[PDB]
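Engineer: If you want the building blocks of each chain, they are given just below.
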Amino acid sequence: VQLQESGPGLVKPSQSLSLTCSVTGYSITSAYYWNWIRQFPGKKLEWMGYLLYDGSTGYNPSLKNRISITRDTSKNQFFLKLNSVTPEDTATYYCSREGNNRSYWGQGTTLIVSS
Amino acid sequence: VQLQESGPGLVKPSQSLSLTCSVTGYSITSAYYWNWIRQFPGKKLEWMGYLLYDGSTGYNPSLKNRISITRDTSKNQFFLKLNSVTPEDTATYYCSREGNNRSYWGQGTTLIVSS
Amino acid sequence: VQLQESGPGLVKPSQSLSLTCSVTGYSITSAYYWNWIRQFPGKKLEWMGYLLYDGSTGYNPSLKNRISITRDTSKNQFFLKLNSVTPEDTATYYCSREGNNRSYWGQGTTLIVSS
Amino acid sequence: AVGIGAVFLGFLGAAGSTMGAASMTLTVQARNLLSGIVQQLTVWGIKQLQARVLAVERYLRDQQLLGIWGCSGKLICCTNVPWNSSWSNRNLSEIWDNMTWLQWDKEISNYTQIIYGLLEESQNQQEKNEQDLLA
Amino acid sequence: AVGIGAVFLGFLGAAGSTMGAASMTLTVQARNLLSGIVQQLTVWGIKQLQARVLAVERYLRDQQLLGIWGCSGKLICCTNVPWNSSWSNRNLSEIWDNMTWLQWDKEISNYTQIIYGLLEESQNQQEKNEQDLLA
Amino acid sequence: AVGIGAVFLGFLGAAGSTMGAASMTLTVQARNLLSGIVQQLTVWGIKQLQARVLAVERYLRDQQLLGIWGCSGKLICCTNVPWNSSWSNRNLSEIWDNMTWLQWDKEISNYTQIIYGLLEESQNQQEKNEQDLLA
Amino acid sequence: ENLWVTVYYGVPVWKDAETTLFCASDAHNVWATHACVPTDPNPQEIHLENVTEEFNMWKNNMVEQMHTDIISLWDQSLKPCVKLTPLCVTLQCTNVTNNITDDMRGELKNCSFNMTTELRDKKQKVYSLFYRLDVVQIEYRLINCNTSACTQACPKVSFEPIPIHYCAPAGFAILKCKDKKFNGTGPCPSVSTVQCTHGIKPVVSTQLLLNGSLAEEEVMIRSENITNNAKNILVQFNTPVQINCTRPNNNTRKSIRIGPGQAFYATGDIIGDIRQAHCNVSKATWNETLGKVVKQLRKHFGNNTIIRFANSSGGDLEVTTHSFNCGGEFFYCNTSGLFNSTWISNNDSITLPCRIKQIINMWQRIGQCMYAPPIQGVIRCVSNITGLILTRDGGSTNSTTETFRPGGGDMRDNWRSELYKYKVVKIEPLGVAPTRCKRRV
Amino acid sequence: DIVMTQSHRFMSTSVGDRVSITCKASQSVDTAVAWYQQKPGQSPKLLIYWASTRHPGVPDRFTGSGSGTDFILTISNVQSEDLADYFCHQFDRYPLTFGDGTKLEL
Ligand SMILES: *[C@@H]1O[C@H](CO)[C@@H](O[C@@H]2O[C@H](CO)[C@@H](O[C@@H]3O[C@H](CO[C@H]4O[C@H](CO)[C@@H](O)[C@H](O)[C@@H]4O)[C@@H](O)[C@H](O[C@H]4O[C@H](CO)[C@@H](O)[C@H](O)[C@@H]4O)[C@@H]3O)[C@H](O)[C@H]2NC(C)=O)[C@H](O)[C@H]1NC(C)=O
Ligand SMILES: *[C@@H]1O[C@H](CO)[C@@H](O[C@@H]2O[C@H](CO)[C@@H](O[C@@H]3O[C@H](CO[C@H]4O[C@H](CO)[C@@H](O)[C@H](O[C@H]5O[C@H](CO)[C@@H](O)[C@H](O)[C@@H]5O)[C@@H]4O)[C@@H](O)[C@H](O)[C@@H]3O)[C@H](O)[C@H]2NC(C)=O)[C@H](O)[C@H]1NC(C)=O
Ligand SMILES: *[C@@H]1O[C@H](CO)[C@@H](O[C@@H]2O[C@H](CO)[C@@H](O[C@@H]3O[C@H](CO)[C@@H](O)[C@H](O[C@H]4O[C@H](CO)[C@@H](O)[C@H](O)[C@@H]4O)[C@@H]3O)[C@H](O)[C@H]2NC(C)=O)[C@H](O)[C@H]1NC(C)=O
Ligand SMILES: *[C@@H]1O[C@H](CO)[C@@H](O[C@@H]2O[C@H](CO)[C@@H](O[C@@H]3O[C@H](CO)[C@@H](O)[C@H](O)[C@@H]3O)[C@H](O)[C@H]2NC(C)=O)[C@H](O)[C@H]1NC(C)=O
Ligand SMILES: *[C@@H]1O[C@H](CO)[C@@H](O[C@@H]2O[C@H](CO)[C@@H](O)[C@H](O)[C@H]2NC(C)=O)[C@H](O)[C@H]1NC(C)=O
Ligand SMILES: *[C@@H]1O[C@H](CO)[C@@H](O[C@@H]2O[C@H](CO)[C@@H](O)[C@H](O)[C@H]2NC(C)=O)[C@H](O)[C@H]1NC(C)=O
Ligand SMILES: *[C@@H]1O[C@H](CO)[C@@H](O[C@@H]2O[C@H](CO)[C@@H](O)[C@H](O)[C@H]2NC(C)=O)[C@H](O)[C@H]1NC(C)=O
Ligand SMILES: *[C@@H]1O[C@H](CO)[C@@H](O[C@@H]2O[C@H](CO)[C@@H](O)[C@H](O)[C@H]2NC(C)=O)[C@H](O)[C@H]1NC(C)=O
Ligand SMILES: *[C@@H]1O[C@H](CO)[C@@H](O[C@@H]2O[C@H](CO)[C@@H](O)[C@H](O)[C@H]2NC(C)=O)[C@H](O)[C@H]1NC(C)=O
Ligand SMILES: *[C@@H]1O[C@H](CO)[C@@H](O)[C@H](O)[C@H]1NC(C)=O
Ligand SMILES: *[C@@H]1O[C@H](CO)[C@@H](O)[C@H](O)[C@H]1NC(C)=O
Ligand SMILES: *[C@@H]1O[C@H](CO)[C@@H](O)[C@H](O)[C@H]1NC(C)=O
Ligand SMILES: *[C@@H]1O[C@H](CO)[C@@H](O)[C@H](O)[C@H]1NC(C)=O
Ligand SMILES: *[C@@H]1O[C@H](CO)[C@@H](O)[C@H](O)[C@H]1NC(C)=O
Ligand SMILES: *[C@@H]1O[C@H](CO)[C@@H](O)[C@H](O)[C@H]1NC(C)=O
Ligand SMILES: *[C@@H]1O[C@H](CO)[C@@H](O)[C@H](O)[C@H]1NC(C)=O
Ligand SMILES: *[C@@H]1O[C@H](CO)[C@@H](O)[C@H](O)[C@H]1NC(C)=O
Ligand SMILES: *[C@@H]1O[C@H](CO)[C@@H](O)[C@H](O)[C@H]1NC(C)=O
Ligand SMILES: *[C@@H]1O[C@H](CO)[C@@H](O)[C@H](O)[C@H]1NC(C)=O
Ligand SMILES: *[C@@H]1O[C@H](CO)[C@@H](O)[C@H](O)[C@H]1NC(C)=O
Ligand SMILES: *[C@@H]1O[C@H](CO)[C@@H](O)[C@H](O)[C@H]1NC(C)=O
Ligand SMILES: *[C@@H]1O[C@H](CO)[C@@H](O)[C@H](O)[C@H]1NC(C)=O
Ligand SMILES: *[C@@H]1O[C@H](CO)[C@@H](O)[C@H](O)[C@H]1NC(C)=O
Ligand SMILES: *[C@@H]1O[C@H](CO)[C@@H](O)[C@H](O)[C@H]1NC(C)=O
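Chains as they are written, first to last, in this note's numbering: chain A, 54 to 168; chain B, 54 to 168; chain C, 54 to 168; chain D, 269 to 403; chain E, 269 to 403; chain F, 269 to 403; chain G, 165 to 605; chain H, 21 to 126.
The following block holds chain A by itself, in its conformation from the complex:
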């Protein structure tokens, strides 16, 4: 499988952050967990939420209702939207694939939340 993140690298504060993960080499309608994970400055990881092949949604409670995660199964892509952003949400955003003691990550993209 290959994962590639895409989207705008600059987002104005209080506006919405949208990123696309383009997946190739595997079908998002079959199995395992499809996650978004970000790495802050200072090398700390925080899990935001996941998806399942059947469309179920789960999120880290610390992020409250700030996150909706959605997908397009025709294009084999899934999407992150993050409302009400702050400069402490600046981080490198990864879309990663987990299960059956397998772990594959995209290369990641950099985003800076500033005006």
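Possibly wrong hints are sitting among the right ones.
Computed list of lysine to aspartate or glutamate pairs in DMTMM-like fashion (alpha-carbon distance at most 20 Å, straight line) [unchecked claim]:
(1) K374(D) x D107(B)
(2) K374(F) x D180(G)
(3) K590(G) x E375(F)
(4) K223(G) x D233(G)
Derived coverage of chain A by chain F (criterion: at least 3 residues anywhere in the stretch with Cβ under 8 Å from a Cβ of chain F; other residues may be distant) [to be verified]:
(5) 83-96
(6) 149-156
No lab work stands behind these hints: they were computed from the structure.
We treat Cβ as the ideally placed atom computed from N, Cα and C, and that holds for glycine.
The hints should help you fit chains B, C, D, E, F, G and H with the ligands onto chain A, whose structure is shown.
Structural biologist: Then chains B, C, D, E, F, G and H with the ligands, alone, in the frame of chain A:
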């Protein structure tokens, strides 16, 4: 749909009247009502009977048992037989198809009942 | 079906009698019951046993262990072996087709048990 | 019941049999509707493929109307639709044992489409009646 | 109600009718999933065979999936899978007798997979529950 | 048991497990018996069509053989026919928790023709008894 | 009390059976030609535990299916374009004397003929350069004028190998295993299942395997019954040997029309110096990989025996010389310079001269030709040697001084190095089982 | 909310010394604990599953042990390729939780 009547134009009294309706453009084994209707001298119409799509029958009681209506599904034709004819049954005979707010009539044929 | 018996027409007492029934026109492995029946002097018939398409064997208990009946399915033949013969076993041996209210017999062969 | 009276019916062996005797024989006439080509260029790339898919479509056509009537998977299905006496004025004793099924099909060949369509009209009503009593 | 007022409903005639009125129109839809080419070289030879197999295995795909849910041989069945308030925040009176089936599938097109997966898991749940009480 | 430890066994994953562990995974195995070539010249012109109709006929032969026995539409169906113990003189404790279906087939492969033929004679007997009792 | 029999449907039970396969390729050509269905590249490799399945090569019909498959693919891409019927004309050939070397004296023939033009009532004189392996005396003629007419190879297409995946319809499965010490035929303890395979290169060779899959840990001497000398011995490398094959000739291609809308490309006049086509392998890694092979050849034989390497037995040019498909023009390479070794108990390159043939005879049927058109420029190839094919000789006395020789000629052994893991099985879902039920009347 | 607490953040070590990393769980839940290795500029890679077993390709010098609320990962005979960040986790119930992470220095 096109309907075309055929048969003998002269029938001797007390003998049997047979007519053929040749149907083209539509299948008699699918839908709607397939009728025989006649027009007397003096422009009066009398309904003789009908057919269901499944080959069920029904007749005007005024004609008693004088009418059997039958069909050939291989040739996509249906048939009229009229027993015990009288000269007051002389009229122009139409085969018509009615239903779903769509009424279509054949061109008709002329028959004279005389000795 | 046609049945034809074959084998030696003279057998010495206490030795073994072997006959072949050759079957043509039908396969004995998807089939009816195939019997051996003999006719004694004085025209009395005694049934010895049968075979089935599945290889199961059945014999008249009166004959004890004196008879083994066997077959060759490649040649479409079945076989009679009769141990410990006596001159009272002299008879005309038939191999027979019976079933479905149909009954077919071979022409038979003659065998004499004498020294 | 043995010897000449044994059972070696095979395929279509109860064709000329009475309807009571042929009612036991519906099992053996079902398996020979898909097999026969179980083991294996213009000629016979079409002559074999066109007849193999035709046997599939004729089998699924027979099963599907057996599913619309509501009793698929049953060899002998007897539903709850009354029948008109004008199709056949014969009682139970004059049908099941005196005549062969082959000439019976020609007698009801004209009235096939009436009785084939009335079955599913009383089955959708049956499934609607099942929904009301269940809730 | 009869004659020219009789309704034969055609094929696909319940597309604009409401969901409640289309609950009795289920029969005429299913009968057109197999037939059509019942009456009969590279061009137009493989084009029928490619289309004939495709029209069959898609029907078997929707029929096998019915049998996994336990709905084999039935047109209107209903299981014990609880559909929840997040999927559609409307009552039964706001769904059946005021809108049609065509745009109802568009709101559920995202939730088609989550519906389909729970039905096949719930049937296998009650198969083992049948084994415990029977023994 | 979550995250990387969740169960995502998929197709043919329970082929090395025990009897009771493989009995819960019958849904996922039968899912891959029809699909796979759902997305689409002489070469692979006859090979493609012969690929599918060979696969369709085996699936239909399994369902029709299941439908003869009266277990159509069910994944775990069980009948009431006795079986002679000479095929396997083993209790349920020594079979249903410690061995795999792969080595189980070779021990009863001698008797598959016998045990299949005892099922249509069994199933037709309730239908005969249903016809006598309910009439 | 007594257990009664049930029916279980869909349970995994396997059965060794053979069915037809199906191509699958990733994103014209000579193998794909945009005809194979582009599969999703998701190999569902579910590892199976406590499963021992007996694999069997030399009876696997996948390599018989694959050999039959690309024979029809080779003839499919040669039909819709032009053949070479009118090249059977008497020639006037002379030795090329334009900047030639002492070794290639007589290799190139300067031939002129009276081949027809686009008009049927006129003729033209066209000169071309032909190799000495394509012309024989009658002054000369093509080597296959007593054989059937030949195609043109139609240079819009290419012969570059493209990965191809073989897998079965629904109701079947493919089983593979990843044992490091896997022999030819035996029970393998790491059987997994997959939808279908990884990339398989259809590249063609007769003596040395090129661009194949490397071994897992060690070199495996993988073959059947070894006391027999009539069967080949297949060797798979773990560390590949890089081979460079080139030709520095400045070939010029002339386009000559044979008729209406039918072009033909032939070798024009040469520019520069005439030199051979040489293949280079390093003497360090070849001696390193020869010792690593005979270390594994001693497991099936004695420890004090003498293993010797010799060249091919000679005869036909297809089997004896090294044949491959790099650069678009075929190389038939002398290969006596790699087997100068005697192995007993206890400078960075090797030059190989090669012959270039234009009339190409492919698989052992005689009625088919192959005419590779000339290509502009210089052919440069970088390939890997990832295998060997060895044929033993008989007449061994007292099991001493036993030697190994190359050979074979059967092209099915090229794909046994790639299909040594996969087998096809048939899923039998129907089955019975006894437990405690009673059918509810 | 199972909280995974790691002992300390940065510890200096020398090549050839045994080093042991520790992680303290808020509850004693199970033995289903995993370690991940993350080198700079790379994604994390799974190392140990079910606390005591090694993954394919993982070198023999990596061992782990512990139960209850205490789990010890031990590196022995440290080479240059072991420079990385290591994280303890639990995989029993959602929400997923990460350690703060430990960075090795040589
Ligand atoms: C390939 O074959 C091997 C060995 O045959 C299988 O591995 C285990 O095999 C045993 C033998 O039947 C299974 O039985 C289980 O025994 C448990 C207790 O025994 C010990 O188990 C482990 C060591 O394996 C120790 O850690 C433990 O402390 C015990 O000392 C029982 O507890 C099991 O019952 C239930 O346990 C829990 C309770 O919730 C459940 O999670 C279980 O699923 C089970 O219902 C059971 O009787 C054991 O299951 C096998 N292990 C596993 C992980 O499945 C391989 O499984 C087999 N390969 C495949 C693919 O099946
Ligand atoms: C075993 O595998 C190896 C590698 O998989 C094979 O080596 C390749 O062989 C093919 C043909 O057999 C070569 O393709 C030729 O390349 C010639 C030179 O290419 C240069 O010029 C190109 C056009 O200007 C230019 O695009 C190219 O750049 C890149 O293009 C390639 C795609 O076309 C790309 O894959 C390369 O990475 C390359 O960097 C070069 O600058 C060209 O003139 C020919 O027309 C033809 O296309 C490959 O170049 C070979 N690969 C390498 C790395 O050299 C080998 O042949 C296989 N063995 C056998 C027996 O077939
Ligand atoms: C012929 O033999 C040679 C060796 O003699 C063999 O060499 C290969 O060379 C290529 C190109 O240099 C290597 O390709 C890449 O190498 C980098 C390391 O520099 C790898 O990291 C790459 O692997 C992945 O990299 C990314 C990270 O996952 C991925 O995005 C990417 O898609 C790759 O999956 C990449 O392979 C190649 O590694 C070597 N091979 C070896 C074994 O080292 C060459 O393969 C041989 N040719 C054939 C046809 O067999
Ligand atoms: C063609 O017609 C004849 C009739 O002339 C059929 O003969 C019938 O054969 C069956 C064989 O099963 C007889 O049935 C049996 O009846 C007895 C009672 O008499 C019963 O005990 C048995 O169990 C069995 O059911 C039937 O009686 C007999 N008909 C008559 C009038 O005696 C013949 O079989 C027909 N051919 C076929 C069906 O192929
Ligand atoms: C198309 O929509 C109209 C809506 O106006 C439907 O008309 C209704 O028909 C039902 C019975 O068929 C009546 O009881 C209502 O009074 C009608 N009017 C309404 C709801 O305003 C019409 O039936 C629809 N067409 C079809 C084929 O269902
Ligand atoms: C084979 O040919 C290549 C073509 O240049 C030689 O050069 C090597 O090229 C590769 C990339 O294609 C580089 O990675 C190597 O570093 C190059 N080698 C050197 C020494 O610069 C290569 O040396 C040739 N090999 C042999 C054995 O002849
Ligand atoms: C293959 O090897 C031969 C010999 O090792 C190379 O021939 C050399 O070519 C250069 C010119 O590039 C000359 O200066 C040398 O004198 C030649 N060597 C000898 C021994 O005469 C040849 O270039 C190599 N080819 C490739 C593609 O690497
Ligand atoms: C393989 O090696 C042998 C030598 O062992 C070669 O045989 C030589 O052939 C030439 C003519 O073809 C003779 O002049 C020599 O006398 C032969 N050698 C001996 C020792 O008799 C053989 O040609 C080689 N084959 C190839 C294809 O290179
Ligand atoms: C392949 O090359 C080898 C050597 O490069 C050739 O062997 C030579 O054959 C001649 C013929 O008489 C002998 O005089 C030499 O002594 C041989 N040299 C060696 C090293 O053995 C061989 O003939 C070539 N094969 C072909 C088919 O051309
Ligand atoms: C369904 O999904 C599409 C695309 O993923 C999205 O645009 C749409 O808003 C979704 N519908 C609902 C009701 O969430
Ligand atoms: C059935 O139809 C045929 C031809 O349509 C006719 O000859 C026959 O008399 C009809 N049978 C009855 C009982 O009406
Ligand atoms: C969705 O349905 C499940 C059961 O099917 C239920 O547990 C869950 O609470 C429902 N979702 C919401 C938001 O209520
Ligand atoms: C015992 O097994 C045999 C198989 O040879 C079978 O014919 C017989 O019916 C069995 N007996 C019982 C009581 O099931
Ligand atoms: C059934 O037959 C097969 C093949 O003839 C044989 O291998 C097997 O042992 C037989 N079964 C028994 C129980 O003997
Ligand atoms: C041409 O080459 C051949 C090949 O060996 C040779 O026999 C012949 O003598 C040569 N002719 C001339 C004129 O050089
Ligand atoms: C081949 O012959 C032609 C005939 O004129 C000549 O022009 C050409 O130079 C010759 N080629 C060589 C290499 O001598
Ligand atoms: C080609 O044709 C010309 C016609 O004048 C003739 O002189 C010449 O000899 C011919 N050459 C060959 C090789 O046939
Ligand atoms: C064609 O001629 C060549 C030249 O001698 C010869 O080697 C070959 O055997 C011949 N082929 C046939 C089929 O006559
Ligand atoms: C593997 O090699 C052959 C191939 O079947 C087999 O006979 C042998 O027993 C196996 N083991 C060894 C050590 O050769
Ligand atoms: C082949 O293997 C058999 C053992 O199956 C062995 O006896 C024989 O010597 C081997 N070689 C030949 C040439 O048959
Ligand atoms: C070979 O000569 C031709 C003729 O001009 C030229 O186009 C080509 O570039 C040359 N090739 C090399 C490698 O120099
Ligand atoms: C090749 O390896 C052998 C093995 O020891 C050695 O004797 C020989 O000298 C080596 N040849 C070269 C050229 O290094
Ligand atoms: C040959 O030597 C190896 C060690 O290099 C040894 O394991 C093997 O047993 C020896 N062979 C014999 C037949 O003794
Ligand atoms: C291989 O090379 C060696 C090294 O001199 C030589 O003695 C031997 O004759 C050569 N063999 C062949 C077949 O060329």
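Engineer: Check whether the Cα positions of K590(G) and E375(F) lie no farther apart than 20 Å.
Structural biologist: 19 Å, holds
Engineer: Is the hinted pair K374(D) and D107(B) satisfied, with a Cα-Cα distance of at most 20 Å?
Structural biologist: 17 Å, holds
Engineer: For the pair supplied as a hint, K223(G) and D233(G), confirm whether the alpha-carbon distance does not exceed 20 Å.
Structural biologist: 17 Å, holds
Engineer: Per the coverage rule (Cβ-Cβ under 8 Å, at least three residues), is the stretch 149-156 of chain A covered by chain F?
Structural biologist: holds (count 6)
Engineer: Check the hint pairing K374(F) with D180(G) against an upper bound of 20 Å on the C-alpha distance.
Structural biologist: 13 Å, holds
Engineer: Does the stretch 83-96 of chain A contain three or more residues whose Cβ lies closer than 8 Å to a Cβ of chain F?
Structural biologist: Check passed, 4 qualifying residues.
Checked against the numbered hints given earlier, this structure breaks none of them.
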